[PDB]
Each structure stands twice: as C-alpha cells, then as structure tokens.
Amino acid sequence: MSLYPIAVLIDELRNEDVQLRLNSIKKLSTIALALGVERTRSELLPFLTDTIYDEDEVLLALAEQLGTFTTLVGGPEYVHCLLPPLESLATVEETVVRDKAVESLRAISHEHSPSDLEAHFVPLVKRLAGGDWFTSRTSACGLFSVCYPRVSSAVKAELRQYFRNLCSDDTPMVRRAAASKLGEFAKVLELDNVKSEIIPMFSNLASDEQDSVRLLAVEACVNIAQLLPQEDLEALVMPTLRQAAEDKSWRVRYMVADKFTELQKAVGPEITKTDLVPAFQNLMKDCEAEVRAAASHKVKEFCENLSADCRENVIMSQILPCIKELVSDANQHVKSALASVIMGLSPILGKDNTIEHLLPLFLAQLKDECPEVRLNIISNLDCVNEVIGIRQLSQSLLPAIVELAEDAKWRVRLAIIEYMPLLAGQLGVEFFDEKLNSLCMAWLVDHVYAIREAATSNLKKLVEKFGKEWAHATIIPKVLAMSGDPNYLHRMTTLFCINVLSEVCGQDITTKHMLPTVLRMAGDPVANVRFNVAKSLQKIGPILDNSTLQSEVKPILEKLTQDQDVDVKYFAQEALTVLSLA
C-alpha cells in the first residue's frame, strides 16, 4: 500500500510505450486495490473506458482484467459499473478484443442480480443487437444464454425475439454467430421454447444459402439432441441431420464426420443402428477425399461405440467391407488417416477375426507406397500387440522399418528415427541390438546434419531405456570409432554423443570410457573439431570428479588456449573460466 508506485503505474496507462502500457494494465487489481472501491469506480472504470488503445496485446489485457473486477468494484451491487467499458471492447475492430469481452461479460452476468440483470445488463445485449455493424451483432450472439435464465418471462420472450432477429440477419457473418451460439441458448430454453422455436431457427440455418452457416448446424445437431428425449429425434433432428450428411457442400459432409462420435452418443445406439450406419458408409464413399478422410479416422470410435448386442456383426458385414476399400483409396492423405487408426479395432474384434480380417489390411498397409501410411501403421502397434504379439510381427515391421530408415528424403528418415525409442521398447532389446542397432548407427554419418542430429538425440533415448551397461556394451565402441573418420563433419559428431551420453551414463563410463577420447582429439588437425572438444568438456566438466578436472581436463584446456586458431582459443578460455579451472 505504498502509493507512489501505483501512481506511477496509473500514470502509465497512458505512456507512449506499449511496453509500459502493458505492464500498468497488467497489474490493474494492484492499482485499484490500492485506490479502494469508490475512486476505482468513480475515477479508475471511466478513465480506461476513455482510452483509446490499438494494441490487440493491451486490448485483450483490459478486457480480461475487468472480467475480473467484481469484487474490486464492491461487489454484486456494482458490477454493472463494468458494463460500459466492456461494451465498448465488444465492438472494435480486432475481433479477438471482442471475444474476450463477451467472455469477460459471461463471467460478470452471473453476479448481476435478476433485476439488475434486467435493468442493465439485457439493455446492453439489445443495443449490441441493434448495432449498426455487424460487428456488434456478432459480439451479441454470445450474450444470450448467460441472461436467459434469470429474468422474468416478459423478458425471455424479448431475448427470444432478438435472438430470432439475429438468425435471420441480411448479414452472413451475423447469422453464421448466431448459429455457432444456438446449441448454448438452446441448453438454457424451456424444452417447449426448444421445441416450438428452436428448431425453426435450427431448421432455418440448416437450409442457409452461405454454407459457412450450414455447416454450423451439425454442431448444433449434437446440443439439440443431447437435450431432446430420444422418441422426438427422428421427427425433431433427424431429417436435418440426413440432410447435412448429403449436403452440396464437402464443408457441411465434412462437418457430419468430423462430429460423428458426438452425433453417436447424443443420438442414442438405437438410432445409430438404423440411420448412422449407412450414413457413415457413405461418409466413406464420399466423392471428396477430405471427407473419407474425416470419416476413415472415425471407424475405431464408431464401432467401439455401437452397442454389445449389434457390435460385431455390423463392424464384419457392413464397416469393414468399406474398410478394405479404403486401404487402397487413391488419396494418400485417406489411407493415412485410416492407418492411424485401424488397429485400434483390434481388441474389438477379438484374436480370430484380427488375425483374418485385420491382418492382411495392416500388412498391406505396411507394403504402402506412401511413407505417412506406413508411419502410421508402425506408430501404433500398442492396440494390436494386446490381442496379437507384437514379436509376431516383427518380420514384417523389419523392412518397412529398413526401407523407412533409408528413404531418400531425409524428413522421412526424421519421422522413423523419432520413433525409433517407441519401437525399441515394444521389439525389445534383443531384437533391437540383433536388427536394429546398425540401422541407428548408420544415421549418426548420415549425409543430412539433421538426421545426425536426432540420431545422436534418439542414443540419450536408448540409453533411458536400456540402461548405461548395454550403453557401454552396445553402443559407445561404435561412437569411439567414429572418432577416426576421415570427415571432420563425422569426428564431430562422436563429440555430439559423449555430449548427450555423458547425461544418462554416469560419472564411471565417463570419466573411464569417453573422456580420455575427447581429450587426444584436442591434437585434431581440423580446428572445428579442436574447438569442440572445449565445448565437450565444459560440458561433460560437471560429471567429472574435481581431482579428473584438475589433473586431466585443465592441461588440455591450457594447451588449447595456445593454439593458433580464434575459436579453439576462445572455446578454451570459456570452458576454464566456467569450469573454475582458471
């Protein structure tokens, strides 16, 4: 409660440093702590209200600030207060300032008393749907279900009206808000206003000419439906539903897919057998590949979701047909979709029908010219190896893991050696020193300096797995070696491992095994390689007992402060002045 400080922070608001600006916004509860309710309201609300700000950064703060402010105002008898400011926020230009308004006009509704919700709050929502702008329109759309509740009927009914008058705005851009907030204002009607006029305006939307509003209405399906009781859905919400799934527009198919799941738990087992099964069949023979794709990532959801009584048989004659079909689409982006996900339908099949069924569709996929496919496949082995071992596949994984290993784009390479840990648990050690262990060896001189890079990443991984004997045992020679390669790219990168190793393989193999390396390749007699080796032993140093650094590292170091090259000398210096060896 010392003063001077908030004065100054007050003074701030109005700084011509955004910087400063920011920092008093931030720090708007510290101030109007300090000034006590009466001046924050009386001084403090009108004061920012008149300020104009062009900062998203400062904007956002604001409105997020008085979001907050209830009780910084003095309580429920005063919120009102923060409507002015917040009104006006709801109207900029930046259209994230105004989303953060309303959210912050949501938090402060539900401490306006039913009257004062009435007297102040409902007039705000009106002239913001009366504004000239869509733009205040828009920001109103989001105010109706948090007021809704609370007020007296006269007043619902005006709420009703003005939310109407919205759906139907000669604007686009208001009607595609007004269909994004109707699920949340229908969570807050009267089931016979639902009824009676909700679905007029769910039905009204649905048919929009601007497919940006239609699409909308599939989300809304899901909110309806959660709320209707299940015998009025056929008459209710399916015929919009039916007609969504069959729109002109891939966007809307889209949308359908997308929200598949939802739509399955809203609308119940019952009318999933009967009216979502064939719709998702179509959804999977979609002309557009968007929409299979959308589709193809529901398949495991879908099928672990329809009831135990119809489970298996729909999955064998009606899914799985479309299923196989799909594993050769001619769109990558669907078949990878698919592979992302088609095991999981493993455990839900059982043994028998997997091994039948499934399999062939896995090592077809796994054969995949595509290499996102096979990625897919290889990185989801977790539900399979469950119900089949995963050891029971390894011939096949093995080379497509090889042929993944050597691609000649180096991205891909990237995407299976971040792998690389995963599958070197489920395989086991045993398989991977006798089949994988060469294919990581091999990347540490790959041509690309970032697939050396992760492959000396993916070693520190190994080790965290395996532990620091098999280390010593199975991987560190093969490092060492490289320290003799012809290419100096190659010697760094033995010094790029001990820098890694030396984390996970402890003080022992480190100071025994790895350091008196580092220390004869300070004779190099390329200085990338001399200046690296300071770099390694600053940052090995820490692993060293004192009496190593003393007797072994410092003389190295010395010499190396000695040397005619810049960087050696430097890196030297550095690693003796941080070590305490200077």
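Numbering follows the first chain given and starts at 1. What changes on going to the form deposited in another entry:
- Rigid-part rearrangement between the two forms places its hinge, out of 168, 333, 84, 391, at 391.
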Given for the second form:
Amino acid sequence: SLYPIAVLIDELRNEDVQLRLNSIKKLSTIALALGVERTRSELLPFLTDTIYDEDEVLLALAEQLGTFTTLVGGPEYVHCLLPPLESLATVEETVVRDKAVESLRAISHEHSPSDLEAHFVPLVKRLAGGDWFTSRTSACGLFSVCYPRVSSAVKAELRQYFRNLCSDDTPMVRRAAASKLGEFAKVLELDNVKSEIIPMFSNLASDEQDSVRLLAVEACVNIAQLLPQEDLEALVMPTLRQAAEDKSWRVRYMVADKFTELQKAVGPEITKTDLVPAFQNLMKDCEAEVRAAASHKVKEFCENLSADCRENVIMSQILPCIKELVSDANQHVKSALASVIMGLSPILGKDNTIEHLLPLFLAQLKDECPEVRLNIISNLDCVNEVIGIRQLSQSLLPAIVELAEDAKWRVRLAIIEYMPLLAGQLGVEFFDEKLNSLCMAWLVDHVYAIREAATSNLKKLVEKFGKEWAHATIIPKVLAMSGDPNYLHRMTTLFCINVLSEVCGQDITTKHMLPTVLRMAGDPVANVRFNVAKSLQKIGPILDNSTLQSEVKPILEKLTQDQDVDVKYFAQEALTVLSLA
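Let's compare: the form deposited in one PDB entry is above, so bring in the form deposited in another entry.
Just this one chain is shown here; partners and other molecules are left out.
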C-alpha cells in the first residue's frame, strides 16, 4: 500500500484489504490531498475494486461518492463516479444497494444531457440487462432521472428496457419494476403513458404472482392522476375494479389501504360511481384484515366526497355499512372503526350526529374490547366541537357514572383511567362540575386497589390543570379526610399528599399540605403515625431546608420515642434519608 491512499487502509486487523471505518467518512480529505487528477487516476480505481464486505464501510463509501462530483473535476468528470457506484449497486445487504442508487440518482443531474447518453444510460442497461438479479432490482430506480433529459431516440430505448423489467422472469425484478412504474410514468409524455405505461400496468395487475399484483394498486394511483378524467373508464377503471375483487385478499388489502389516494387520483364523479360500491364491498370482505383497512378509511373517505352528493351517499351508502361494523366479530375491525368513527360528526352536523352517530358511539363505549372503548374515549374533541358539551355530556356522562359505580372493582378501575383523558379533552370547567365528584368518591372506595388508583389519578389530573387548580379544587377535599374516624381513610389522606407533592411545587406543599401531615403525628392509630414518618420522608425533598430543620426534624425526632415499634423504626429511617438524623 502507499500514501496518501494507504491512510484509508487498516493495517492493524486481519481482513482482506479492509478500510478504516472512521476514515472512509473522512474521504473528501484524501481526495483533497492528491489532486483532482490523482483522485480520478488513483483514488476512485482503488475504491472501485477494493470492495470487501465490511458493510458499515460499503454504505459510507456509497453515500460519500454522491458528494464527490466536485472533488473529481466537476460536471465534466462526474462520470468517473459511475464505476464504483455501479459495483456498490449490485452488492448484497440492500441498505448498500439503496445508497448506491440514491447517489447514482443524485449525480445523474450533474451529468450533462450528452454525458447521460454516453455513460449513464449505458450503466442503466448493463444493470437492467445484467445477469445477476440485484443488478436488476436496482436498475429500476434509475429510469426516471435520465428519461426527461436524453434524446427522443434514447427515451424509446429506456422505455423498452423498463418494459422488459416488468416482464422479467423473476418475481422480484417485477415487484421492483412495479413499485417504480409510477414515478417513471410521471416523466413520460401523456401519449406514451397511454400507449406504453398502461399496457405495463395492465400486465402487472394481472400478474401470476400476487406479491406483484398488490403492488400495482400503488401504481394505479400514479397512473390514474396522470390521465384525464374521461380516459379513466377505458384505460384504468376496469383494472382497478378488478383489483378490489381480486382473489388475493392481499391485493384487496392494498385497495382498501390506498383508497383515499385513489379517490383523489380518480375524481369525484368516478368516486360516486365506481368507488362508493367498491368501498362497501371492502367493508364487507370475508377477511378481517381487509374490513379493518377499509373501516380505517371511513372518515377520510366521506370527507372527500363531492360536497354536493356528500351527505347523501353517507346516510344512504356508508352509514348502513358502519352500523354493521360496530357489531363485527373481529376486535381488529371494531378497533379500526372506533379510532375514527366519531370523526364523522363535523360532516353530518349537530343534528345528524346526535341522531345517528351518538348511538353507535354508545354501542362501542360499552364494547368488550378495552381498546375499543378507549379509542372512542380518546376522540371526543370533534364530536364535542360539533354537538354541544351538554348534548354530549347528556349522552356520555350516564355511561361513565354507571361504570364508575359498578359490580366488579376492575371494571371501576377501568373508568378511573379514562379521567386524565376526559379531563384533557372536555376541559377543566366540565371536570369541575361533572367529574370531580366521582374522583373524590373513589378516594374513599371500599376496595383498596380502587382507592390507590384514584390517589395516583390526582397527580395525572394536576398535570392536566395545574398546581393552582389543585390548591383550589382538590387539596381542600383531600385534606378533609384527615378527620375521618376510619384509619383506612386517614391514611388515604397521606397517600394523596405523597403523590401531590410530586407536582404541586414547593410553595403549595409547604403551605397547604405539610401542616396536615405533621398534625397527624399524634394520630391514635399506629399505622397512621408511621405512615406520617414515611410521608415526611417522601415530601421532605421538596421543602426548602429551613422548613426541614424547624418543622420536620422535631416531629420525626418525637416519633422516634413512640410506643410502637414500627412508628419508631420508620421515624428513624425518615431522619436518616433526609439527613436530619
């Protein structure tokens, strides 16, 4: 090896002419050492064939070469970069073949029209008409960048090779051609899109291999946009209508997946004619993957129907299918629907929502699958900003209050975990008047786990409304429990003070909670007493130092003299942790 190039090499390992990783990235510098002439005459050549399999390296080498135009002599020599890139394109680990292509696409623009024809396109062919397969999987991504700029004669040539790539004998070289047919389509003259693209499209849509067919749906969106509305019915729709009917649910899945994109690409008229029925068929597909994909698109679809026929196709074509899906067996499907169904309100109005959706809204808020009622609960903002907070509270509140008080705790625990959500959505004014009551009631529930749930639920609530809202709406009622005759409730009080010090700030804790805590150091029951020690150890860090020494230290010290073993022990522990011992 020789300097300066030898600096790239890693003489310390045991490879096969491997390069220094942290160095291939510092390549623009060696290029600057020797000049532009020597970068071409010796650096590139060395990089071209010295292609070990050190992947982290191969990747960088591919990326780095896409920003070397200028260190090679500028445009006039940009093609010196082809050889090493052509190679890197046919490698293994796709990540590399990708970078190779991205770079090849980048520098394609640097090549002059004349150089494209002389060096680039020729590289496209050798990759297309290449033996190996990856060499072709990657040729597909290089047609759209050179087509527009080369000659009418070469344009033709390029079209032919792209064709041959679509009809390749290998499924992969076909899946690849298909997923790049759209972009290639966009750079051809309308004429050739009709005479050349359409036939390739038609062919790939009716491929023996469905892994190839499901990919032509995406191509259909692109081709469909490029063509004038009147040409759609003759050149495309038969193929698309067939796809939604395809034997392979995978192909149907892609149709429901790209439905909204097809809608736009095809136009309102055809959407009302051909797509509304297709959509209904997909929502009733035997395979739940397809029904779900479809249900997911419900809101986006109705949104895009022509303003004039909108509300009608909805109440007459779409809505009856939706009532069906809310009852589907698969939770996969009820799932997809619930995460978007209430988004239809601002497209049916206050009146329509109140009469036709609010019922489906309840049918799901009381569904078995937890994810389902949760999806409905996570999206109230729109139904709420459409119908009135009262008209909603009038159709949701009884659902909640009925579950917040129910047979099984667990079922109750579930409603406790909707609160931070309902809060954040419906607002603090609604919460202070219809929900705060329920959250306080749970603090005193018979079941411990419920009390516990509601305790930490307060912290989540303060994170939603703030420390001021806490000092005014919640701390007053929480403290009131310290006077409770039942020790289970008095402890609940200290448990709420423990959690609320985490988010109420030093002021509000010292002034409005610390006093109540220190005041219970003389509670008649030992359990409250030692839990007081614990509470001071918990909130101690939030209090400033003067407080910890003037008011806490004394109380703990006294507790250490208590008759009870545990109050004594926990008192000591608190001192030691706070460093007041």
